[PDB]
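Next up is one chain by itself, shown in structure tokens, the form deposited without the named molecule.
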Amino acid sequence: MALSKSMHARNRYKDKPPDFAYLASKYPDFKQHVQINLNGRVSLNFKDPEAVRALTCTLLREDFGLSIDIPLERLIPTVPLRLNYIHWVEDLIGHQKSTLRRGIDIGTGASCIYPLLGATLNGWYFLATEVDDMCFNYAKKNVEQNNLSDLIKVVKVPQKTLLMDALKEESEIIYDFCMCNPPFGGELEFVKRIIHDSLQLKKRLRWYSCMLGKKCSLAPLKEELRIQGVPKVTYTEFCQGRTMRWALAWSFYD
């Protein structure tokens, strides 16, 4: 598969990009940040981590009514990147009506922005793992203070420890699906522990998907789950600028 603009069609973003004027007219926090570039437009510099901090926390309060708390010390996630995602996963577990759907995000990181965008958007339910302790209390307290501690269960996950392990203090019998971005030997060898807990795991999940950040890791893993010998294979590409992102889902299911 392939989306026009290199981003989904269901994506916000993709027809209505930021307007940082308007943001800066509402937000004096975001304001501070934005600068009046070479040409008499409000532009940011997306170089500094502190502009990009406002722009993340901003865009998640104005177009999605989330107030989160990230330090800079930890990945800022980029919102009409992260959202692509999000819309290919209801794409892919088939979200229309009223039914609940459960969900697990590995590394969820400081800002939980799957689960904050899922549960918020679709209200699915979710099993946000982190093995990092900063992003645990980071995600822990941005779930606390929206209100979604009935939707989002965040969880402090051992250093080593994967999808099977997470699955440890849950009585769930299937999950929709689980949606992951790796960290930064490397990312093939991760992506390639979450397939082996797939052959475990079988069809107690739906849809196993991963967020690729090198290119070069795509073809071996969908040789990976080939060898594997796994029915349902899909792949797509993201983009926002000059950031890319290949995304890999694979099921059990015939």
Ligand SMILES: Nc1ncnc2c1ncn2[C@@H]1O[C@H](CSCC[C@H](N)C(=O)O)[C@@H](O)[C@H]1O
Second form
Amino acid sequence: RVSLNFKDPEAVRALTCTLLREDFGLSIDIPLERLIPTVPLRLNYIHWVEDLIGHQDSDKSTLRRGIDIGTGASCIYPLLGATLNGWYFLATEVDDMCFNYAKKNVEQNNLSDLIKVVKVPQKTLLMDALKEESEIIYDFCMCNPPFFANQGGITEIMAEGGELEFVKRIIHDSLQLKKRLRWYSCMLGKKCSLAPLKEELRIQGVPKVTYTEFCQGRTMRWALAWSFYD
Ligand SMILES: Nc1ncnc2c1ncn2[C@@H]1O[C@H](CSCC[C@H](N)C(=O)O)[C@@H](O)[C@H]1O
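Following the display of the form deposited without the named molecule, present the structure of the form solved in complex with the named molecule.
Every component of the complex follows; first up is the chain already shown.
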């Protein structure tokens, strides 16, 4: 009964869920109403974060702490980061369906000690999520941003371009938080998003700026990361 045509979301969901069970021992339940993550592309981003935050010798090994902005119903970045690397995550969500599924997915995989799923107000991002945080420095923030039109026949094109305004909000919050987080990062869907974002960091005098390209056959993605550390 499960479709063999990989253009059908039922086949993409079955493949994601099977891959996670077989390769990572992670059993997840996700709705067809929400974005279905593709594991290879999610892994590329986790590995890029490993490289950014640096390697530790046994004597200097610590618990790494990260924030996932918009964790989705799958809670895919925290589930992978926690399972593969033992990383701690603060995983945020504004969507109620996504929040319930993410919380349930963390519980069914007994990862509540490493992943804290939180429902945040729609107007909030990083600043509010870290309300009066003065005990720890987070190693990273990561984000697969939503496609909001403004926040018609060209609604899709408009929604895709809404990625730029969402990343600009992460940049805005980073200018206030600064060294509270070591690396700020975001995944980009369009190559044309990179140039205006790099320029916005340059004019704001952000000392460290880096970027990469993730490729999974047909699908091409970019990621941008920045830091206030010298
Ligand atoms: N301000 C905000 N804070 C937290 N989550 C937000 C948000 N605005 C939107 N979101 C959520 O961000 C998500 C973007 S889709 C990315 C889902 C997941 N990280 C993946 O890679 O598959 C959506 O689930 C949306 O509800």
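Take the two forms, superpose them, and find the largest set of C-alpha atoms that agree within 1.5 Å; that set is the rigid core. Positions refer to the first chain, counted from 1.
- With the core held fixed by superposition, the comparison between these two forms singles out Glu169 as the only member of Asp133, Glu73, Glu169, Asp150 whose CA moves by at least 2 angstroms.
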